[PDB]
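J.: These are the residues of each chain, in order.
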Amino acid sequence: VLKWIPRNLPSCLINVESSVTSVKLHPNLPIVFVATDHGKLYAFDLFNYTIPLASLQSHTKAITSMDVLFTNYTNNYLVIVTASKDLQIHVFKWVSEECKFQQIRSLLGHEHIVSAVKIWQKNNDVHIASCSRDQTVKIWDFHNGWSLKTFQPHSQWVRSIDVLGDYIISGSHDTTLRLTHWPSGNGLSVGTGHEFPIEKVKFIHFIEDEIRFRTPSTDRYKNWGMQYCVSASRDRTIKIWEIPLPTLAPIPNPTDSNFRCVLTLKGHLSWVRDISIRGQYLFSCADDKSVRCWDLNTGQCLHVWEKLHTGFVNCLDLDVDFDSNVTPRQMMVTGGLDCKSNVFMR
Amino acid sequence: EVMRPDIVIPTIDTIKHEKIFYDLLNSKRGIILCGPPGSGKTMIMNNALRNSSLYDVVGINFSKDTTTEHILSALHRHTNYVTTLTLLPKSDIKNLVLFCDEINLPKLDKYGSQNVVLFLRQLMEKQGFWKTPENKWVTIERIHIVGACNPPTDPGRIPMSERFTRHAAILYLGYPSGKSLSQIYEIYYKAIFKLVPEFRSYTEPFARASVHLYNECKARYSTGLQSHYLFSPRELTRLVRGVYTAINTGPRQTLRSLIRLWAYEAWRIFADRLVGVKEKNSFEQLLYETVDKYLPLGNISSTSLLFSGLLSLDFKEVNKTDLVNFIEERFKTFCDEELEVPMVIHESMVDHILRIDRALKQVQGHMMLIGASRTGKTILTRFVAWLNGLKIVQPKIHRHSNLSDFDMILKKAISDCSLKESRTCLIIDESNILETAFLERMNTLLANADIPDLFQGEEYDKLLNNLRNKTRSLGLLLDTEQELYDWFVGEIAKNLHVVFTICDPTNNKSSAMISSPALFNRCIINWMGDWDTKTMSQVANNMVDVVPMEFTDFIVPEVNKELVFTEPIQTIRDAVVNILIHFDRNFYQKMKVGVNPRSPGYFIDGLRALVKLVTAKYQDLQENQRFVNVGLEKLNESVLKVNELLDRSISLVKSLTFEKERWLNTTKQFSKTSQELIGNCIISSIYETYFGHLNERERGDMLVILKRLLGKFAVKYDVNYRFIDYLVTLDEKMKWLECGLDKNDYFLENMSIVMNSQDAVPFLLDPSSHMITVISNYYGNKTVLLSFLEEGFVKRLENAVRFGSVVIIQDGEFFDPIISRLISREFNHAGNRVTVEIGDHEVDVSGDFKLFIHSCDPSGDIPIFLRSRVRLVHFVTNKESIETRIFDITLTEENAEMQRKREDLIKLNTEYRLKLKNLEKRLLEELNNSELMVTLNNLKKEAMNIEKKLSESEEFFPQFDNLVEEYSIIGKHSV
Ligand SMILES: Nc1ncnc2c1ncn2[C@@H]1O[C@H](COP(=O)(O)OP(=O)(O)O)[C@@H](O)[C@H]1O
Ligand SMILES: Nc1ncnc2c1ncn2[C@@H]1O[C@H](COP(=O)(O)OP(=O)(O)O)[C@@H](O)[C@H]1O
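Protein chains in written order, with the working numbering: chain A, 9 to 354; chain B, 102 to 1076.
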């Protein structure tokens, strides 16, 4: 149920007026979300692609990334947050009765182009993460409407981030990664080994089901929360990084302030644009009009999906399996610069 | 082992020369080696000196300006001053050998002596020298001297005194024979082809083919054609190294792939520097003959060989279309990330990107981009460096600078390359070399892997401290000074690639750059030259295919095939492209440019101006026709309703008969003006962008040329064309006249060019210094007057661009290179904000910021970098201006009342005509937005009153005509 591999040909083709920059899968109902270089935010279902569910132009420029989440409360809706090149972040409300888009509010404050967005829920509290060319990651509060933390984890500008509880890792333009503890806002470790700027970085979430890189090593490091982080850059490589253990407000160890080359992998002909984790397999694409599936165990490209897009292919993602509230269904969507998108079913 | 420069193949001649060179060293006798470039003097002495543990090599390269202090600076890091004075080497066992390359290069003074030659003969004959700062005699004890030189018959080589060569044994080395070259390079090709055992039997034909190609290139391309057509075995070693690199970083090869790869390497080694297309075709036929006679495969032209490692993990030939699309997407990303430029990519650009990338991948890989200005030298260098991840360092050399700023910039660049291991591309323009000491620094940096002059003394000590700290950071075990400095120079050689940009190779400074011995034998000369007409066709089609083009009838003319360089004519787009290319060729031919490279900046500027002007004019014409059509339809509907079915409506209908007639006439002439819209748009664009630096006579001549060439390609234009009537609006005309323009149409035309240049900053060449006052009246108190010759000008300009005030910079012939990023309009858009880099710190652009450059010196000195980007406009007085000014002066000093009445009447008449034109505009707007009848009647009555006033005012013109006829003799004698 977790070893699903996509076929060699998509069953549906999505036509978009402009290039697709980001996609996201609805964890509950079969609806995929489509970007637009013109700045539109589409809504497409997996059975009738001939007509959009909704469409609007709220951004004067193209968008960079999208993310969704269905919140839970022990005391219930899907929230859409989108960042664009118009110096603003727009948070949208997705209704299910009439299946339209509703605008909640717009976030301002970033000095230049915002690029990545992360959303998480913990202790019945939700926040929105954000990084831009202002070389500062800014995490804001959805309910309060004000920022909660702002710090500089890199000399140059940060392109991609991810959040796992109280830790956040940043991917910048200067070929180095920085792990920072969010409530304290201090750097912990640095990672060298890259020669080209990072495109997207995310954690290797712990799963329980025998994957080498998705299991803890020792009891204390199991209690740390996470072991590995996966990062893709423009040197056509995706690198797996071993996080050193800090002094545990964590304190950086002077003798353990450097990362380690757990596993580096090659095989892409151009800049690896995105990464995703599903079971023992890692999915990725690049500018070489190809989609891959790299096994975490042997570190070898199992399947090559060649020439799915005439131009560049930008975005792909899977369903989250580490979260109990989200069922990891066997849906895959890929979006490309050729103004077309491919969705894989079964 | 091909990449290692210390490898030799022992032949008879090599071992003979090496043994006698070693014997002459061991005799404590001076040695001077004479031979043509590439003979192998450096090779034999390096070979003879690695096989000895008793001698050490110090490498000095002499240029046109080398002094004694350079020879001293190259040795103080190698030698210790001891008082036993005595200048001993730092080592106690090994001796020292002073390789002085190109001894003939240092020049004579005005009294026929060379300083360094006399210093060397003092070093050998007298065994020492007098230390200048404290006047003491230091005795050289264990330093030998080795000279390498070329025969004096070569150009740039000057005779050497016999008092020097008395003490120096002389050996002559000629070029190796063809058989020896074939043997040596079949050994090289066997070493290369060890990687491919399937084709190990083709080594000898490949080597003989390479040697034959070398001999035919050396015979055909001699110095008599071009000053840099110097070929040597070093070219063939570079060919071999490129072949090895492309084999090593490539896939499994076939025999056809080997032929194509070797041919591409030969193209990039031999035919990079070829200027004329005839020599390129000669090299193509020579390659065909060499392949046919030696290695018995498709077309082997330069553009048909596109080898690249961008599209895969290995170096291999790629298709054209996928490479073009990949480069277009990468360049869009580059414009999004580093700097935004409106550049479209063509095939020769793709080839230039490939060869620049090929050179930049190499260790110790430099460039000399020779070609016209605005060709794409530095922008493609930056793009290739961004693809490779290199760091761009453009030196901040400006006016009021000296060697100290260049030394600090190069020191910081070397420190970043070595200590910080930051891979760096260093781009040197021809305008960044102010003095010949700049060339000395560049030559020392390229010949060796350092500059010993900068880092000497306490600078040497802090270098040692920094390098020990960095090496201890990297965990490398080394203690000696020699190993540490070898690591230093290895890091410098590995992580630094100097790229040279030359715009005018005929200039003396650029000739010194090209003819420099270390800038020639180490760099990779890349003579791109002026754009060929195929490139112009590609860029022109690619930049006019995005506009609404086909909206009128077109008949393809029957023209000669030879004059058409584009695809066969099928619509007006190819006709427009051919017209623009042909006019560029004719303009550059008539200006007597000679063999000088021709800048395509005029062509690109005219293309962009045509695009924007035809867009604006078509929008305006479509809007005007829509308004006229809906007004006529509304009038017809109202007339039909009145006929089918009260006094005010009837009066309005009857009074608007003239407007209906005018609307019908404009509707009838819409077809005529749509026929001629493309033609006069082309004429206006070219007339704005090409004729800015021209006088009236040649402007009229080239306008006749443009009209004839436009009628040749069946593109219609306006027979009664006039640029003032087509661009200069009446509101702008009155604003300019009240701002202080002359009544001459030449000056209004020039200012119309000045204001209608929103992309390029205008150059105001006004000797009378009147345009400064005019523009100061134009922008009111917002304007500011700066100067290149004043102090604190940088801060004034920065404050002016923060506030957004309009800037006029005086003294344009003293151009300051710090504003070069403002000149090329390199703007970084910070979201809604625009920022630019001036000097050393970035500054914001407000949006209402305008830049003007003024110069009152005719026949001044405008650099080609400044010349190629600015809309240079001459303001030179002529016939009509003299006549008008003399007439005005004599009227003012004879009868001022009549002159005042005449000028007031002219101003009132033109104001009344403007009010009339705005009034018909108001009637058209009111009828388009359909109380109203009473307002229309009032406006019609106002029009009638103003027309009657003008008719009454037009009764004094014959008196002015009589005054003109009376004072025309005074005017013509004045002129
Ligand atoms: N065994 C050999 N015999 C003769 N020439 C050789 C041999 N091996 C290499 N060469 C050639 O000699 C050249 C060395 O020339 P070089 O000494 O750099 O010229 P210069 O004398 O102007 O410094 C190399 O490019 C190489 O091709
Ligand atoms: N193929 C092209 N299409 C459009 N513009 C071009 C092209 N090639 C060059 N340019 C123009 O040339 C400018 C950059 O030229 P640059 O490399 O700075 O010339 P140089 O090296 O002589 O200073 C750009 O502003 C661009 O407008």
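FYI, nobody ran anything at the bench for these hints, they're computed from the structure. We put the beta carbon where it would ideally sit given N, CA and C, even for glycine. Check the hints yourself; a few may be wrong.
Just some of the chain B residues that point at chain A, by a computed CB distance under 8 Å [unchecked claim]: (1) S413; (2) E430; (3) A460; (4) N933.
J.: All hints are to be evaluated individually against the structure, with a verdict given for each.
T.: To see whether the hints hold, each was checked on the structure:
1. Nearest Cβ of chain A to the Cβ of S413 of chain B: about 5 Å, under the 8 Å cut. The hint holds.
2. Hint status for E430 of chain B: holds, given a least beta-carbon distance of 6 Å to chain A, under 8 Å.
3. With a cut of 8 Å, the hint placing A460 of chain B at the interface with chain A is violated, because the nearest CB-to-CB distance is about 20 Å.
4. Taken as an interface hint, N933 of chain B checks out: its beta carbon lies about 7 Å from the nearest beta carbon of chain A, inside 8 Å.
Going through the hint list in order, the structure does not satisfy hint 3, though it satisfies all others.
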